[PDB]
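Only one chain is given next, in structure tokens, and it is the form solved without its partner chain.
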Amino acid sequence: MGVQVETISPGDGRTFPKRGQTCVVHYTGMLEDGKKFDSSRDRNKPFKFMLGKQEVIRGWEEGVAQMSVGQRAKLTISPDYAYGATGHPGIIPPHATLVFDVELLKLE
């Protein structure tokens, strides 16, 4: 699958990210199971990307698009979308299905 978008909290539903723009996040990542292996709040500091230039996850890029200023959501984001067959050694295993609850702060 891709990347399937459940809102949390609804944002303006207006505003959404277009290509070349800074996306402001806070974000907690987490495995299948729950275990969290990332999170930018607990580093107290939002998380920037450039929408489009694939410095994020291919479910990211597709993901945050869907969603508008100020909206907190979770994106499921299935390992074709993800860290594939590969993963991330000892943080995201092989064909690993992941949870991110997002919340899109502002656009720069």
The other form holds:
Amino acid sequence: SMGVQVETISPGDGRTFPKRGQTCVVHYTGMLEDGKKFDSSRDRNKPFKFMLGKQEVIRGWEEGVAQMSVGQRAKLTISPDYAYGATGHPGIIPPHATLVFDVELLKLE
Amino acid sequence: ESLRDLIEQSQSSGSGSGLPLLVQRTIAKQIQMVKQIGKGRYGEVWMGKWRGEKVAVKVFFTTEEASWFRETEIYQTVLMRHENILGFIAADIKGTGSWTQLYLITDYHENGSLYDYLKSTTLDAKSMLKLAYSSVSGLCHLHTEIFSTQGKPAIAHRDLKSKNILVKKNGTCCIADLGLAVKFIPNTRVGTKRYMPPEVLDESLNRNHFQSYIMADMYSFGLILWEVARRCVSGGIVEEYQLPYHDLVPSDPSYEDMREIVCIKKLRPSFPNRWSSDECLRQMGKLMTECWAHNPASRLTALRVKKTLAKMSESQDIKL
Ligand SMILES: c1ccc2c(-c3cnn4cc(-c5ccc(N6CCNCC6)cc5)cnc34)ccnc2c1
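Having seen the form solved without its partner chain, could you now give me the structure of the form solved in complex with its partner chain?
Next comes the full complex, this chain leading.
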């Protein structure tokens, strides 16, 4: 999909991959296309957890992270259709925003 | 999982009141909606449970999207967070098409609003002043601009009423329902008709000055002081809970009803006689009067009211 581009920054183990139903533990920084940061788990020093396949996070996230190795870090560029669409998020994400997430898959649990 | 701690962890980092975005957008699908608990402008308010904790959820349909937007943006404003402003947690979206629901998720207060709390119990001077002082401290915070690298503008509330103030477990108040709020950077006749000042009722509010909205707020707050004061016992006597103008207009009063009483005849809620026998209630009476003067420019400021109430508090050896 051209909707979710995945550029590796640092490789993972290349073998331990998230299966549907596993809790992914990640560190992330989220930015708009201009570079303004809007959320970062690294700034609060607490990793963020979500379960693949529960649709807790935007589709681009589940699609980007599912194809990542434990230990891997990657830049996810996610089109609005894969994220917050026309609506965005009040005061944080504008309408039709392409988002950039710098994401590291720390652990599967 | 401890919501307060989650909110504290994320606000230490910075910028946004409430949870981090990605966390906010996990919530709608996980909340257990339990029951409707009240009303908000443009949406019902429900109690929900999230990770076993009670929260309040103001629910909008997509026809009122703009209001969800406006209200959520306000709550997410920098330096907005304050013990006398209702605590914002998250905004999220669920459902499908015409049935899409927009959630504004906040702290839940089991005592309910000032309207509920005043119907439920009578007060002494100390509780009366604590409710009045805390409530005006919230208002003053809204009204006051705060300079920073990322500042807070002056904000006028525009829909103040006893139903829009919550009473916390510790006897203090926080202000809610910010969907008609205006920032200093709108239709004149918006809000709850019973609390509209004369200049809002007759559309003579001066739209050239932001200050007009702030002064409008103070009239409305004067009416709330009256509601609260009626419930303070003195000389073994107390009034029953009533809304302002209860004896002069029908429930759900119309513009025509209110214009007649407030704009034309220029009446105001009456003071029970027993107030003149107690210095504190006499002083409360004078404070109300000075809040709800016909001429906006003559009304006390929220800061003045705050300071006056602080002086009453310490004048009876009452802390806060
Ligand atoms: C305006 C007003 C409120 C909100 C709220 C909001 C937050 N907390 N909360 C609590 C109640 C509530 C609790 C208990 C009771 N009772 C207690 C004993 N029996 C009588 C009824 C009544 C009411 C209502 N709304 C809210 C959230 C978001 N936007 C708002 C906009």
